[PDB]
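Encoded as structure tokens, the following chain is the form deposited without this ligand, with no partner shown.
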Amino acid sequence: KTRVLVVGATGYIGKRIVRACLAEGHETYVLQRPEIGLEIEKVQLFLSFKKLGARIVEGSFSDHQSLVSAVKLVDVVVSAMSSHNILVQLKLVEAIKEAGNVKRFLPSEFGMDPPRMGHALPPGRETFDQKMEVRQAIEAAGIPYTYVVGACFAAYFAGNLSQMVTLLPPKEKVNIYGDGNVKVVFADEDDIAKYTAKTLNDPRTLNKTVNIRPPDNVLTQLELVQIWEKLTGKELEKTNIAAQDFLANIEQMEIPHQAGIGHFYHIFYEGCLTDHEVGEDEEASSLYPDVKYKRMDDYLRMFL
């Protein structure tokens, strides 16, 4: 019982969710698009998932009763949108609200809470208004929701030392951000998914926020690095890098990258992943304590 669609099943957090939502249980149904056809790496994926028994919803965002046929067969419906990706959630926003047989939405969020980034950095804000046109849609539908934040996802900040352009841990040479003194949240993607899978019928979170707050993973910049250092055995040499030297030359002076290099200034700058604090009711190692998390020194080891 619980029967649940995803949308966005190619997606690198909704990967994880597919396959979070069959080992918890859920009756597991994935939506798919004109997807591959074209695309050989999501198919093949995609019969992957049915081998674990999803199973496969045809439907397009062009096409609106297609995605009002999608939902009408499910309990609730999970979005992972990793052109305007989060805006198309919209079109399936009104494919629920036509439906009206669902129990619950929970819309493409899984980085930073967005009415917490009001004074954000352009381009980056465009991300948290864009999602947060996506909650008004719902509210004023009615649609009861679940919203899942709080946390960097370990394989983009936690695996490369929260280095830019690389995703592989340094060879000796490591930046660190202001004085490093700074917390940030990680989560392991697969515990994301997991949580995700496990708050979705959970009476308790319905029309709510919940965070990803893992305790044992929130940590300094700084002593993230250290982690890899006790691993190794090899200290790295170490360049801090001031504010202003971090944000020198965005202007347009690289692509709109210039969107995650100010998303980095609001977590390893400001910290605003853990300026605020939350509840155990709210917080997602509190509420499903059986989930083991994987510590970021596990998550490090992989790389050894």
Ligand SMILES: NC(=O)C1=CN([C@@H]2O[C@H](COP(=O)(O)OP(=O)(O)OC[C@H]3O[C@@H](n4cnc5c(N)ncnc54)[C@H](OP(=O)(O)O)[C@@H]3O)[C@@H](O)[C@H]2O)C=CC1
Contents of the next structure:
2 protein chains.
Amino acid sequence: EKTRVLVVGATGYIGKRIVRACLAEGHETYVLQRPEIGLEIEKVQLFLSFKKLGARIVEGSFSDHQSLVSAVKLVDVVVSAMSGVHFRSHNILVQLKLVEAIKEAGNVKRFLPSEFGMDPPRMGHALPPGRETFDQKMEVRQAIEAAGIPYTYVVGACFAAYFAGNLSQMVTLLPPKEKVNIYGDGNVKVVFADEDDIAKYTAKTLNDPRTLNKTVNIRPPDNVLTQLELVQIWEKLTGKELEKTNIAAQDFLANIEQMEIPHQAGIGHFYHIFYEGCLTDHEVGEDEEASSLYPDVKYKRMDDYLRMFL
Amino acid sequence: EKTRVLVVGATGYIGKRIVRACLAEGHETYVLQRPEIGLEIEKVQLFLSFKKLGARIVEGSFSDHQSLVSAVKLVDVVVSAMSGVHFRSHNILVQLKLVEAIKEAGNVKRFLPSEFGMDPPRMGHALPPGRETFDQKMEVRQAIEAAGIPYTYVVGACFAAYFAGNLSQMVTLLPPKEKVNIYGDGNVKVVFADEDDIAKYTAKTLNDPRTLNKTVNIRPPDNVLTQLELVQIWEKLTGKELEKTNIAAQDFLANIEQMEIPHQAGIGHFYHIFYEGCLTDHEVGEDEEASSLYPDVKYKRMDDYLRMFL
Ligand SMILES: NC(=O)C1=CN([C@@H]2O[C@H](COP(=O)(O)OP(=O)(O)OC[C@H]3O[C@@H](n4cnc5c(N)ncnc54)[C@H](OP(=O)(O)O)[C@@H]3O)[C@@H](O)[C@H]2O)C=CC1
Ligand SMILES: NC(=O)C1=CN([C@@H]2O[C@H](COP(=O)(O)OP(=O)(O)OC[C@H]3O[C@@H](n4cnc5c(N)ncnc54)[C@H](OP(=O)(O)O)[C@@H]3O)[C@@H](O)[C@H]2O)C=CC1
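Could you output the structure for the form deposited with this ligand bound, given that the previous block was the form deposited without this ligand?
The next block holds the full complex; its first chain is the one shown before.
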């Protein structure tokens, strides 16, 4: 009576956390080991570590359609943590080969595609090229709908390492030392979540009937913070006040067309989040929000998150 | 009265294992966090995991000489786990700046440079370009000695992941499925060691008076094996005999000059170990062999190592 789960993208940044959260949760956890990563020592040893915790290795390749069909026939639920970084080479769209395999296999009770960010259907007017991420996720969503595959879309929170640990400064992954940039006036609400919590929520929700064919939002109330509130958390932890510089929207987007395309996409996403507030510009009900659905998850607050950087 | 150890290359393949072994040994463990690393999330989070285990971050950059001086002033022993992959960019020689910093600093009881492989003064006859690695490690040894810095040189074993876990097949990091290449007659003795054992021995030797100004060998007796014996260990675990093809020396090296330079070096190193038996063609005393010196370390045998691949 354990739910059988296949994780595809098992050595990814969020993917490896989902693997471990599925194991802790008690799911019979299967991981797709692709032959193409056989010389990447950190991926190979990750898989060895998953085995020591009870994960079952499933060999398959996205170029071998029958291998993907065999893989998904072993489980009840599939979770994809496919990368989003190389949008111009359409790695989100690689998931379409998995959707086809799931359709042909017929047995999968639920599929969680690689979402875990902003809510794609709400991003219709996003800045290009950053817009491209949402199109591709939307194209995968439509592939899911057309095949009639039951689904859950996990959305709504900034990964804490990429937007809280650095006080949203972008240029590193650590808090700044003396000066900090405030984007806009810094009073736009942002949703931050420890990625291990996002992983726990994913493992709780993937066999929850309440979230069958639903969008689940990850919006822990204590972690809805403006950028200045985030900065003040850190200033209280350190005892030192940071010299602040406000950066107006127009100066943030200045000369964006001269940046490299990936940085252009990253700047666009940041703008929607921190200037327009896309993660908080709408309300969601407790019946579709993960912290209320799963109250036993004592999610990590941003003041406990930032302590590890002291 | 704890030994203060600084690790340079702390997020490296063997380096991160060294950090953890030093902590488990009880040393006061410092790790050099370089600013150039600040956007590589996996390194940033390794440093955070090290802190949680009690390591002390020490910021420094190889391009800031006095940051290196300051770092090395803090400790009694320095361990370098500098990379050896980019020998055409001389990254092994980057250690020379660290040696200058230790010389200026004057306080360092013992320096362990980035050795952990073939015994470099024994490789004067190695094939190019593969020999460049040992040349550069020799130049580092010179600077250490020319500056009077006390040292321990840790040498003599193949990293198990790169040469045991794949049955020495090179093309993958996992055992082969049905066929295996036997190099020569497969009767040449090779030394294999789990890299966590290599790190444990490193941590136990860095303040051992017996190994001050000595080369210490990692040659655990049950792990001195021919490639054929290694293969037969795997066949006994799986109950499947592999189909064997022997590759003669001349054919192994054929057309080496048409391969990419890093692969050329990889082949040359492999030849000395597996064809020429460079790791086992000489005798070493128990007083200069780590498994004798540190008999409390119950080193992993290659049958236990390979079990994790089943
Ligand atoms: N703040 C937020 O909310 C953020 C959200 N995200 C989103 O999370 C999801 C995953 O992103 P992330 O964890 O950073 O991804 P990663 O960059 O860590 O890649 C994850 C996995 O993608 C697989 N992968 C990459 N390329 C291919 C390919 N050509 N073919 C097959 N598999 C491939 C690999 O699986 P394998 O393990 O098999 O090798 C890889 O491990 C995305 O949808 C992303 O947009 C990401 C960062 C921030
Ligand atoms: N079978 C055997 O016996 C083998 C032995 N070895 C040897 O082990 C030793 C370490 O190798 P390995 O663990 O694979 O190395 P890695 O490839 O893991 O690199 C280790 C560290 O080197 C640092 N580094 C790399 N380039 C630079 C640079 N330009 N400037 C400053 N620092 C740099 C980085 O330290 P940081 O953490 O600060 O970023 C990196 O993490 C070498 O001597 C190698 O020859 C290697 C593999 C097989």
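The term rigid core refers to the most C-alpha atoms you can superpose between the two forms while keeping them within 1.5 Å. Numbering follows the first chain given and starts at 1.
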Moved residue between these two forms - picked from 237, 254, 277, 41, where its Cα shifts 2 angstroms or more relative to the rigid core: 254
